[PDB]
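Asker: Read off the chains here:
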Amino acid sequence: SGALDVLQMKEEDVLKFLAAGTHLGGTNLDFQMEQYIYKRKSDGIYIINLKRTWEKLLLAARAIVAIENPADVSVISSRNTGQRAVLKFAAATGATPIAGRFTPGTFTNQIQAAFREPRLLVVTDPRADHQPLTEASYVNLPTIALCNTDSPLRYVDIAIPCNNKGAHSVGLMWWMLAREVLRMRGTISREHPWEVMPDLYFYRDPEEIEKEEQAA
Amino acid sequence: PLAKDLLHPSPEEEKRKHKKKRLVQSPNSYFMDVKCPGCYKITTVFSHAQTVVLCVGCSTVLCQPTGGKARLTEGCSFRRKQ
Amino acid sequence: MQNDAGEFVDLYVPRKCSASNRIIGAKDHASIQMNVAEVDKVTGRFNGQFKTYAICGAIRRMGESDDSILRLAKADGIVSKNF
Amino acid sequence: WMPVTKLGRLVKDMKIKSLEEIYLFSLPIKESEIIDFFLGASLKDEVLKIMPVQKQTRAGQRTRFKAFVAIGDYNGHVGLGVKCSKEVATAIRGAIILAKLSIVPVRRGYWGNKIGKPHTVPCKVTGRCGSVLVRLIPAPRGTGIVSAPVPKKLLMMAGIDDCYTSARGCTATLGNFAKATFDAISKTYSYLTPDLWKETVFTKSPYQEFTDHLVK
Amino acid sequence: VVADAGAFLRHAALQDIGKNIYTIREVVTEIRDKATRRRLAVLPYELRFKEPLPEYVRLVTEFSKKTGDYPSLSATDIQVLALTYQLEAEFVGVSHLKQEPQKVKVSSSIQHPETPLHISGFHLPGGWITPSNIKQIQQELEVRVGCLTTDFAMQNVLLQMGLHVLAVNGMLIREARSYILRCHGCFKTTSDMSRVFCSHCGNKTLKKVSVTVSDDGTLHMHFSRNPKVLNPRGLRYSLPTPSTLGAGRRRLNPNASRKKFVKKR
RNA sequence: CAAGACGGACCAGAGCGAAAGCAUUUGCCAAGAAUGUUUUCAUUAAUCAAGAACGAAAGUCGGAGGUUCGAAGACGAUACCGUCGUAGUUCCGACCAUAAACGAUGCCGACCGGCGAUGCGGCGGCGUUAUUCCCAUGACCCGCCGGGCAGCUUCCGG
RNA sequence: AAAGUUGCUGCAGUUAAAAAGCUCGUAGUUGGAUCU
Ligand SMILES: [Zn+2]
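Chains as they are written, first to last, in the deposited numbering: chain A, 2 to 217; chain b, 2 to 83; chain V, 1 to 83; chain C, 60 to 275; chain y, 7 to 131, 206 to 222, 230 to 329, 390 to 412.
Bear in mind the hints are in silico, worked out from the structure with no lab data behind them. The beta-carbon is built from N, C-alpha and C at its ideal position, and this holds for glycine as well. Fair warning: there could be bad hints in the mix.
As the list claims (entries may be wrong) - Sample of chain C residues lacking proximity to chain A, with all beta carbon distances greater than 12 Å (derived):
{"id": "1", "residue": "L66"}
{"id": "2", "residue": "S101"}
{"id": "3", "residue": "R123"}
{"id": "4", "residue": "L192"}
{"id": "5", "residue": "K246"}
{"id": "6", "residue": "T252"}
{"id": "7", "residue": "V260"}
{"id": "8", "residue": "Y266"}
Claimed, not checked - Only pairs whose alpha carbons sit at most 30 Å apart, straight line, appear in this in silico DSSO-like list of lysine-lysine:
{"id": "9", "chain 1": "A", "residue 1": "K89", "chain 2": "A", "residue 2": "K11"}
{"id": "10", "chain 1": "y", "residue 1": "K71", "chain 2": "A", "residue 2": "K89"}
{"id": "11", "chain 1": "A", "residue 1": "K40", "chain 2": "b", "residue 2": "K36"}
{"id": "12", "chain 1": "V", "residue 1": "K27", "chain 2": "A", "residue 2": "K52"}
{"id": "13", "chain 1": "A", "residue 1": "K42", "chain 2": "y", "residue 2": "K111"}
{"id": "14", "chain 1": "y", "residue 1": "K291", "chain 2": "A", "residue 2": "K40"}
{"id": "15", "chain 1": "A", "residue 1": "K17", "chain 2": "y", "residue 2": "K295"}
{"id": "16", "chain 1": "b", "residue 1": "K5", "chain 2": "V", "residue 2": "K16"}
{"id": "17", "chain 1": "V", "residue 1": "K51", "chain 2": "C", "residue 2": "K257"}
{"id": "18", "chain 1": "C", "residue 1": "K108", "chain 2": "C", "residue 2": "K173"}
{"id": "19", "chain 1": "C", "residue 1": "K211", "chain 2": "C", "residue 2": "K142"}
{"id": "20", "chain 1": "y", "residue 1": "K40", "chain 2": "y", "residue 2": "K72"}
{"id": "21", "chain 1": "C", "residue 1": "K125", "chain 2": "C", "residue 2": "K257"}
{"id": "22", "chain 1": "b", "residue 1": "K42", "chain 2": "b", "residue 2": "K21"}
{"id": "23", "chain 1": "y", "residue 1": "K215", "chain 2": "y", "residue 2": "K295"}
{"id": "24", "chain 1": "b", "residue 1": "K5", "chain 2": "C", "residue 2": "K142"}
{"id": "25", "chain 1": "A", "residue 1": "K42", "chain 2": "b", "residue 2": "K82"}
{"id": "26", "chain 1": "A", "residue 1": "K40", "chain 2": "b", "residue 2": "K5"}
{"id": "27", "chain 1": "y", "residue 1": "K71", "chain 2": "y", "residue 2": "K40"}
{"id": "28", "chain 1": "C", "residue 1": "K275", "chain 2": "C", "residue 2": "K257"}
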């Protein structure tokens, strides 16, 4: 972001990106998201250019650093595949998480027990989270979003072009956004990698967890 | 959308467009040297020719008119111009 | 706005949209104002400064908002030109 | 009065000065006590109409009172409130509440030669509601308001001293006609003029400025 | 003779042929069919319940995740594999079985994945179905301890390990062929025939790919070299702003001719 | 065997025509849109008062033929239905000029979101097929351009 | 005058009154760019 020779992509970054299957997208394309595609391979899967989503991650991180208070940032996920991840994203910085079913009127109905007034919104899945985008379009609330190729860009201000259906890709990209905001927020440096493994943010299936502790 | 330099379009987009709908219109055709296999003369042939072009020395059929580009016979060589 | 005496006769001045230069109305509840932080050019540290972009509700409703923010970031040099 | 919103907490204290810096950032107002504290010492109220609509069920037609009211401080702020309640006093009270929630600024301009306080609409505007079209035209000083009585009430409340008004459509429908002239005043504000061509210098948001106050 | 829950579901009464009939509690206490529960109270109780040692369960987990059959099978499948491996270990010496499973060979074909080969009721050219063959047609039909596994994942990993697998009939299995779902986006295979979304990438991108394994530990898996399967024809359409009946209507692409007075929902 | 009729299935989100309308094969006749064009002319154009050409079905004059169906009508039951059945339905030559003759929606031109299906023409390209066809061509596959018929989606705006 | 219900300013013609069955066609109306 700026060709300043410190915020560029690394070989480990591209290796782990291709390992986690983030770069490959869906089967649909929305015309507002044509600039994040490199090309269309004949198999039918749109690939997402890695430098474009790197710069978009850096822009989202620059937007989220600029808020001095980490408490008034909402981080929401309705699908389970990112749910626990955004909870640990709270453990990244303290941004308040909302996992599971979203209560209507959370942002717009002031006579509620759960009535929050954030300053940025970060969304795992725009299709499952249509109600929080609808409510964010009523209270002057900007929006970060993890957007696949088959994702609408209405009321979306930064759309992170990534595969968000798979658990590994969404957990990785939450971990990468957390690492960037913690890197240039002031907590950690650049000479040493973050001690938190990417597999910690990963959503685990109950079928996986019933046979994970069997191999102890 | 809402931000694209109409004065400087990408060259693949200009070649992609219809020949009249470019920024400055231009034809898709060309002229070409044709060398008959039975001789070594040069014949100047339009790519989208509508007449049967005959050899000036051999009096042989060089191209066959088609709906679009002319079909050169087998054995003759061709080279584009300019 | 101003009378011939030079006085400022107006309630206030509205913010103009950074994308399409539209006046952001007082009851435009879908419009945003966003702050993007820059970093130091040698060490990548948040130095406290910021840049401000306002997008009206019509541009956001069209879905053409992130394109506008990317173009503005290109204009201010935040996003690199090797895009 | 206890505040439940962040803007309510800001207006409860003497941290935010006037309503114009709410209007500059287009923030939604969800409490009538905000404008009661700001300018409620000079508001004047009036009811425009009351209509009982009937919803038939097996126990007869239940009667629902739609109250049409309008408020303003005769200086550049106007609001229009419609509420459907069960009896008359609750209808007018909640219509007062809604008209308080829908107070908009009124841009006033000159007709010519720019001497004294502005007195007219700055330009010819048009408001629409249903089939009703209301057009507001600047007038010289001392013209008064040339309107139907419902726009007379709305334009006196907005502080516009002089105006020419034209109307098309089913103006006998009072709700559509009052909403059309309210839309026309909102569009007096939302019009772009060469005196508003100066490049916008941006100011700190009140949420971002008063963030240590929301910490405590 | 290790009895899997599939043998209980199919009412496999093989208590006479085998004597070392042992299994785990959760594979028999998870059956939701009432007829199996009624039949369980009539059969003689020669069956014994035990739990495998943690070491052997763990090593089963590492070569299960090496062989690529890791997400397809459940924890009860892990327990069944561990119990039969322990029974083979304390009956016969452990030097017979092997590790580091053989790499899979590539062998494509021009046949379509939905070709109905080896389906009994059809006839490719003879091929006739008699009532005497209904009891015979169960699967592909060809010493002290065996297995009564039914699902192809456990049979696949057992034949990869070289352990002899048994069936509802007396004789063992020499060849085991079936269909699995392979992803063409992230190159991950799943043996679950009812799933439609992928595991790693998560797209609706799984396609039918055939597999066949033998006793020696050799596996060969067939693609299809047909461009009909891999093309993005009906895959892009504009979306509206946000059970098994009517299945063939979805398989039509939206960008096509439907009748003028009919409507898709 | 003959008589006249009518061209099923294929037959469609299809095609053609100014509309009304058009479906068995083959041959002849003259038109035609789109495409391709580094051809030719150089404003020759758009719209319609007057005026002219065609115009489903029914109907009217004259010739031919009447298979089926069938207004009116004769019987039998209960305006409905059945049996028989005239004009007509059919061809040729003249009249008639009317339809829910519909997109209940002038014509020409410009701008204004997206998608992928389809008919035709042109262009580019890995590749498969005419029992690994020994170069081209037809049939498919991918992509683009132009004029079309026609869908889905959108808080473009109305 | 209200009547933008005679509309040049300034109305309308899918479903409310309303676009000729279709095409050609003189009069009339309108007519690409270009010359210090
Ligand atoms: Zn996959």
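Asker: With reference to the structure, classify each hint as holding or not holding.
Answerer: Each hint tested on the structure:
no.	hint	verdict
1	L66	violated (8 Å)
2	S101	holds (26 Å)
3	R123	holds (22 Å)
4	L192	holds (28 Å)
5	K246	holds (20 Å)
6	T252	holds (24 Å)
7	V260	holds (18 Å)
8	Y266	violated (6 Å)
9	A:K89 <-> A:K11	holds (25 Å)
10	y:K71 <-> A:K89	holds (27 Å)
11	A:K40 <-> b:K36	violated (40 Å)
12	V:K27 <-> A:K52	violated (38 Å)
13	A:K42 <-> y:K111	holds (26 Å)
14	y:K291 <-> A:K40	holds (20 Å)
15	A:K17 <-> y:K295	holds (28 Å)
16	b:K5 <-> V:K16	holds (22 Å)
17	V:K51 <-> C:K257	holds (19 Å)
18	C:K108 <-> C:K173	violated (38 Å)
19	C:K211 <-> C:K142	holds (21 Å)
20	y:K40 <-> y:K72	violated (37 Å)
21	C:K125 <-> C:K257	violated (44 Å)
22	b:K42 <-> b:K21	violated (35 Å)
23	y:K215 <-> y:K295	holds (28 Å)
24	b:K5 <-> C:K142	violated (48 Å)
25	A:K42 <-> b:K82	violated (35 Å)
26	A:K40 <-> b:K5	holds (20 Å)
27	y:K71 <-> y:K40	violated (35 Å)
28	C:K275 <-> C:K257	violated (38 Å)
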